[PDB]
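First, one chain by itself: the form deposited in one PDB entry, in structure tokens.
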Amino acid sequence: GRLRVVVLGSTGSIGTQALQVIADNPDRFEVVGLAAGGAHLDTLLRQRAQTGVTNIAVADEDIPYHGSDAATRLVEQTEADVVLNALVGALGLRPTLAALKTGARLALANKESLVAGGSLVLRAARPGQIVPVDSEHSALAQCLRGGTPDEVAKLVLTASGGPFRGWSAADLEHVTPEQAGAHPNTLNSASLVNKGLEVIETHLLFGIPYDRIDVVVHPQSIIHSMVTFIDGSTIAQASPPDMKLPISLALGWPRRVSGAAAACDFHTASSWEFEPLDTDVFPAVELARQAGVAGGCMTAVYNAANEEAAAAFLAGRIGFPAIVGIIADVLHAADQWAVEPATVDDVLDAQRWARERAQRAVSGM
């Protein structure tokens, strides 16, 4: 019994680390499909040559699946046990629903499909079929083996805090892309939107109310999240930052993969720091809670407004603090959007509306 794995977004960081794990564990896994956004052409051909897999999709015109929904066609067609969806942003919602319709495990890295899809994605899924790839949700799943659902008091997500811990909003006005770790996932870390995306994700996957989902800043990124139980016990998960750990566990769930990552080393001194998030300077998480509480298409809106505002920062059209400022403005104008999505088109409509309202805000800021 080898598990058959489709890797979507194979040429990115998650994708390539996923292939390394499969290659180290040929007894446990087998690659049977790949899909890539064509920008890293050279890597895909290398992966075809190395894995021998010809069953390949390319999202940008020997390839059996070329097009714009190339990855979606591949998923529907290929006999698989696990689909790893590491596609970035919006190009990943349709492949997620396709993946879930096949009945295969969805190892989800592309948290945007879930944040935007909301209930639409949940209705497609059976229990235990969506298995998170990010480190925080991997941690939580691990820690929740520490009890039953009614023993849970709080889920506690850790946030690196980005490069701007201690910065005031005034300090933030003069921030460039490279200081926020970008160039004209990493930006979302700097602005705390990633955490907001993760609060929503946490709610959708585990069923926990927003008011029992905390965020604490932990700059060493060694504790990946924690669970506090009703007795006052907290269970935490810890490891040096290395995506192959939660990638490995997502593919082999419920079984751990030996040697996937280096453990923490307690033979040299270290220090794990905690501090409260500055909610005045970084309100992305509170804003996510608002959108999640409103529900429906509002989380699609939260995310789409982000992608657009962030794109505007990365082109130099807006200042850094305006990214989360615009999400705020867009959300507060989105009273028509707390409706449950009936189809993909509804989600697609929410996103278009959010993009355009963001562009409008840009064209004033």
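Numbering follows the first chain given and starts at 1. We call the rigid core whatever largest set of C-alpha positions still superposes within 1.5 Å between the two forms. What changes on going to the form deposited in another entry:
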Given for the second form:
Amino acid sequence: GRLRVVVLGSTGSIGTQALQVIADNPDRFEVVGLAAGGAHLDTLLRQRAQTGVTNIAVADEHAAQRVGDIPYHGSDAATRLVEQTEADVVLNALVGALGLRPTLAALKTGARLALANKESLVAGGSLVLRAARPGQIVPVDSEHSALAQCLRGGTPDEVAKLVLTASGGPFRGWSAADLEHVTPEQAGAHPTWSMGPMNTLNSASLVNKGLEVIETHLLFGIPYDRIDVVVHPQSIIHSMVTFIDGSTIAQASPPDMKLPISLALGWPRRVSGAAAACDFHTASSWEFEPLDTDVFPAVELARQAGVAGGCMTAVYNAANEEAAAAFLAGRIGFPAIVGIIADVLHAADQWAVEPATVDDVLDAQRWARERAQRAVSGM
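Output the structure of the form deposited in another entry; the preceding block shows the form deposited in one PDB entry.
This part shows the chain on its own.
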């Protein structure tokens, strides 16, 4: 049948790619709701005009002032749209901790949640896990999509290890000394039209991978000491599962987020023609190498935060957003990003308590930002 899809964060990278998948597959999907922040209001309005979807939300009231016919506007507009729209699938492609309430609202409706928003799991943690029922959350991230597919190769009891792949970033194989003179521009900070500056940076520092490791644990229920990371520079293998007999199952495709997006939308049904397959007509190789955890401890710190539990992973992530932005502003060096994350985490044991509300999560993040700010400033 046809799936009714609410797209939250419709004007972003994931949201617009999802809309292309949906436009290409009118037999499988219909859009029944769109939500955006308001900074790309003009795009949202064009999306209404193109799709005919009038069921739209804009977070920014100023932005909403410019139109006069937005059904949902202002604070919690996305949450209100979710609560009042009948849908089969909610795609949460919101950015930041503001994706958390809409995730909670979506889960309550009993719709499938195609989840891109990282903070929903990294920060929301047990709050989101307790609200979700088995199979309700389908991950959009290419690594987690890869794992979901590879886990089909046996029962849950047959899993030995989850193995995530990492590109290694621009500083792959760089020594600690090399890393000292890393500049913002080198860390991939360009004024790129779609990609945020934090995405290349988080990939470069291996924090993105630390975040994906935390989400892997929460999504798939595998202990942190059984979640490995291997460096794979080609980014063709998106992740692997190693089973108790010694068999490894791997997912492979040329990079293209439309593959994992399409499958998260249509889960468990694959979407024909979503992306190009690996081609074996020309000679190639898939390389693997270990990560030097002494030079790149971001993944180890993510495991420490995840093992501690509660709001510790919210602290990990909020510490990074602060430390990473400080690096981008010249206020710290590159190696100091993960150094600050570790310093903030070491002081954060009060946040190991489980969050009862969204407000507990925000408080932890608030504390973590302030703590990182003091570490950056010297105060």
